[PDB]
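Enquirer: Chain residues, written in single-letter form:
There are 4 protein chains.
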Amino acid sequence: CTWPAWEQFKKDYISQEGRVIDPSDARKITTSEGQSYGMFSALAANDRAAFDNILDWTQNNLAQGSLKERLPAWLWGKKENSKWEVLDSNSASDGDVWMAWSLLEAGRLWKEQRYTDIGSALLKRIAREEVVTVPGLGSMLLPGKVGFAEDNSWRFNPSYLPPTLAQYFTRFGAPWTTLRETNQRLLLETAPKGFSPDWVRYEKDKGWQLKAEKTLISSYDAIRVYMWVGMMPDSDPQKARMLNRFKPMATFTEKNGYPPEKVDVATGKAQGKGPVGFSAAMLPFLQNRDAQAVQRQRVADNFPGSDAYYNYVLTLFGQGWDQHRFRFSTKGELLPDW
Amino acid sequence: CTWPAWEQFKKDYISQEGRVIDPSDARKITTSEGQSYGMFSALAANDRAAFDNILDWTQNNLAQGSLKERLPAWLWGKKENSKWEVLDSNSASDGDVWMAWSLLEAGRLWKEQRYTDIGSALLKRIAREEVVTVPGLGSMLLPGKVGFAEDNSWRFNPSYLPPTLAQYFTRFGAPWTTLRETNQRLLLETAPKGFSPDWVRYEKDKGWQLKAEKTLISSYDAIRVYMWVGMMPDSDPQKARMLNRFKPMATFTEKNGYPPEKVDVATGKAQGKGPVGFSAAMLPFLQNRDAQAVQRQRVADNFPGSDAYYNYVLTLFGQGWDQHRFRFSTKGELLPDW
Amino acid sequence: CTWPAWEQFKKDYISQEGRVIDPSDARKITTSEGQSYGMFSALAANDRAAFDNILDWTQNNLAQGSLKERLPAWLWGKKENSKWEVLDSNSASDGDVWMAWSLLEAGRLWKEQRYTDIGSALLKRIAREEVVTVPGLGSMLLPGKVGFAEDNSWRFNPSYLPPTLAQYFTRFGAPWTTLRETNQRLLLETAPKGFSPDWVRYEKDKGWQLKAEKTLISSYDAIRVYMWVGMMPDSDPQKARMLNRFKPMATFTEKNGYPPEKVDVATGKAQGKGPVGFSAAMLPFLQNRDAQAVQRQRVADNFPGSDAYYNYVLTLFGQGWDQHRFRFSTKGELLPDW
Amino acid sequence: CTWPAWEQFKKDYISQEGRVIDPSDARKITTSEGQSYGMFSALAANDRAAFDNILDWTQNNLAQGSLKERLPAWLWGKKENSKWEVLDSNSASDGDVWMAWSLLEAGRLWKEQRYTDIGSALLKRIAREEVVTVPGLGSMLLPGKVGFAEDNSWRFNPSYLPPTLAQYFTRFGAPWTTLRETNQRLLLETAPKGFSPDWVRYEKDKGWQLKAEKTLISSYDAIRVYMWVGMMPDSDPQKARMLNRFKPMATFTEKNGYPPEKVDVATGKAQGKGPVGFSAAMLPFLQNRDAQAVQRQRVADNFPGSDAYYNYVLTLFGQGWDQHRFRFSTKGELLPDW
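Protein sequence lines, in the order shown, are assigned to chains A, C, D and B. Its first residue numbered 23, the first sequence is counted upward by one per residue in PDB author numbering. Its first residue numbered 23, the second sequence is counted upward by one per residue in PDB author numbering. Its first residue numbered 23, the third sequence is counted upward by one per residue in PDB author numbering. Its first residue numbered 23, the fourth sequence is counted upward by one per residue in PDB author numbering.
If you are wondering where the hints come from, they were derived from the structure by calculation, not from laboratory data. Worth double-checking, as some hints may not be accurate.
Identical chains blur together in the list; that is why a pair holds if it fits in one copy or across any two.
[What the hints assert, rightly or not] Simulated pairs of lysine-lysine, BS3-like, Cα-Cα distance not exceeding 30 Å: (1) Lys133 <-> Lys100; (2) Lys133 <-> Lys269; (3) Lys277 <-> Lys90; (4) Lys33 <-> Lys101; (5) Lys284 <-> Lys269; (6) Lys277 <-> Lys353; (7) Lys90 <-> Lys353; (8) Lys50 <-> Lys105; (9) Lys284 <-> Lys133; (10) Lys269 <-> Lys105; (11) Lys133 <-> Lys50; (12) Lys105 <-> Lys133; (13) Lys269 <-> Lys90.
Given the sequences, and given the hints that come with them, work out the whole structure.
Expert: So, in structure tokens, the structure goes:
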């Protein structure tokens, strides 16, 4: 009645106070992303004590005491003066939405109104402070409260809103109704060679900027897109569209035995061999039983240790799904394996 | 470039002299089955030193110095006088055929004529000492050189000849050409309720004896049948028929979350919960992704230790194919993952 | 060149930010004693990065940013309102003096003026705020800055000032010179049956209060007294007198094979078997070659895990001394084993 | 109620059948010494199941079925033809005497007449087949049944007969009475520079051959002599004489922090650093409380793994004595710690 990979992640990456630590940065940082991934994993494992401790740390240290009052700062860690505090008070909306979803599903599944209330206040603040109306698209999720919107252009991160989370949020009405449809546009229209970009810009009156560009590559952010798509229920119509769109990533992984590290989104030119977390991300995405067992072998023989936050969380998501640690319903709800 | 489950099995179950030890028996036995499984696993791991050591011990201690001269004795262990020697000189043909196949495929893949010579001499002797012509069937593989054939009846063990091995042996002509077809008959015609029996008798003029009987149950022997069927390539025409015949075993494991320990073959009534090795045996057999993931979780969280020979060898087979440790071609050859 | 027991203590008990955590208290506390023991052990291990991290945390969280400005609060942990802060701002002078000694010896051995400046300021403040003149004795070290000196009743803790630390501090003049002498009086005059008390009172015009009393027992605080005596160099003239005074503790441990949990100081009656850390504390204190080995075997076979802060630090001191992890010179300096 | 180092030694070095395996040798050998050390350790550990298993293997495979009928072959392992059998049927008298003592003390302590009968038969055969009268000495223990006694040049090994065993055997009368004395002569008269030789010759008239020679060095055999001396009871008159004779070995180890690998017995010149087993052999021998703890640290931090039979059995003897796993009485009996 435990999730062993989650138990090891707690022992190596989560402090006694409840903060998720990326040991590879010299400042030993916590991100709102890491906190939200801890909350998700604790929910899926039915680990309410860990959920509460992580939530407490998040509220006290990223949100000045309350997620009902402000979106969490995305970056926390050690300053030069030996003090540990917020390093960047801007938000990161992938952290924000995973937090809000985890809180709402914890409130529903553990029958705790407090979680529902916090997750509701959080989601409404996401809608009012990070969602904006983009001419030519409609409502769109910005990657953060500031820095991604100009007068005539906007920058988006396809990995930030999993289609299952978007489906779930539609129950709360606008703007999530529209976001479920504009998120599908973001995923399907920005992969001209079958690879989703880490980052992509949209300009008023012109559309997506898909000419070759430094951050228009499929690497560490975008590897999650394929994973989120793999996690969709087979009865979701968008799933087949999305799997067909990204088929060249699956094809590459099948032919070479590994996912690439970086893919030029405009040319489809691949470089490097992705780390173990990328192979974990391929487990829900790949549909052939044999190609899946190649990635399943690579994850099992190179399982991340304590020096690799991002490989470990990618493995929690991808290998966890591979072992039925959680599922998503047709309404985007958690179907727990408790 | 190692198979970790296999390396652990070597360290906990195989002596320095190359004998595979079942620790649960007070006589600390070795079987021809265990030796053949060790040879198979060593070939699949590309572990030629282990293979040579285990073959040496087999020839010296089970075959009085040569598998070319006699089928291996099936049971070796400690006698009451403190001496360690053969306990039963009869053969077990599942060990015999796995030995023969492993020797032939090692000769081919490692380009070593000695292995081919021993394997061919072994297979020829199997054909001449344990295969007999049964009125109503044709050539049939007996479970053992003696004790399974009377004047008008015979007793068979469906688990002994995996279809991929039978397909491989056809290349050597008769009787293996016929045995490939009569093995299918043995598997398909003795499972009236969708469950294969550990043991089943055939009487001249009467046919299969499928009335309820103590050993006409699907338990520790017959669990391998499903696994062997799961390991057939999809391009094998027999595989669809066999999967369909045994669908009630899959259906039970999907609905309940575990394979059963014992199923009455005449009624289909099932009892108990099978050990972890049975869940491993289900991994190649189950076609549903979710049911396959449930069994995968059970194998991962209850992986066999040093006190469970049979669960471990079933996990080597079942979890090893789940992780692409070996594949069988359409002609029954080893497609190695080296 | 590492100290494995210390490496394991860091991984199980010291937070990334440098706080030493006692997991057995539900508030997950840090004490000034824990911080000072971590500083000592990092110095002994030649672990300067750990030393700096622990020092930073101590200054920021126990000393409002600076050990030059105040003695550290002795108790920090989780409050009922979910925040983490000082729980009791009173000092504990055992942590204070271990911290000062460690800083001064770090300054000397690592040639860092900053450690010397902090240690000197801390030691001078200990003199000003915790040392008082007691009629009949002279200068005396109080267990803390408030609560231990009343109308005519002072309360002292014999385990607080190890004779080697007192020797080291004499280099700074008064009150440490005379203190070295009053500490000997405290140790030698309050053990009428050969056992040192956890706590003992001195009353004006009456003297030591040595009538049986709840806290006049040799238990969890006092076990350190024997250890500190065992750690004195054989060339310290006080050593032989103390070993003779405390001989009944050694005789008990030798005759019974374990140290007692609780001894009535007034009568010598012992109750219970001390935990593993008590056996580690006996290692420097014993002088036969047969009793020591018995205690060594108990520590080796019952080595503390992750749920046992006090057993673990007692083991770092006593087993670390038993493996030559540090020595004390005749002047109380660290003779490091780097 | 287990001896953890012995439990691990069984798991890594002792086969299921009960043979002690040296893994460094390509023939994976068992020696009579290894079997005797396994028997001793199992007795010390009160592991009667291991003792019986090891004794069974010893009798069946080194003594053609019975230690009552012949001394054990000293060397057993794999031949080039792949079979496993006796490699040298000559004896090694160190294994012989440890096996005899262990059987006699198992018979006495476990009240089992069978062990006494076998041990007595073995000891009387040792006297008949390996003990000879040497002009100028008297009865002497040869290192083996054949090859160590010629025209007038006998060869002896000072490490073979521990003084505690010689004391124990005196209870059986001649030749063990005088032997006890000539063994003292051998140890005290062949170390002119304070170091005992691995091997030393004696010639009629000319006496001990103590001029420098390739085998007249203190190395892997002779390291045991110091350890056996250290294991004598303090009330044995011979112990102080032997400790004084061998003072230079203790002085070297104290001054340098490690025992040497090889010492010229004629000059006292030392070379190299002895492996961890030599440090363990110094634990009973070294008499300071602070020297006995540098070596203790070296054993703790470099504890032998699975690839180091000799270091491991030296550690079982030396660290086991250091932890009170066994003691010897003034009559050479086992004082068990059970």
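Enquirer: So which of those numbered hints doesn't the model satisfy?
Expert: Numbers 2, 3, 9, 10 and 13 - these are the hints that the structure violates, sorted from lowest upward.
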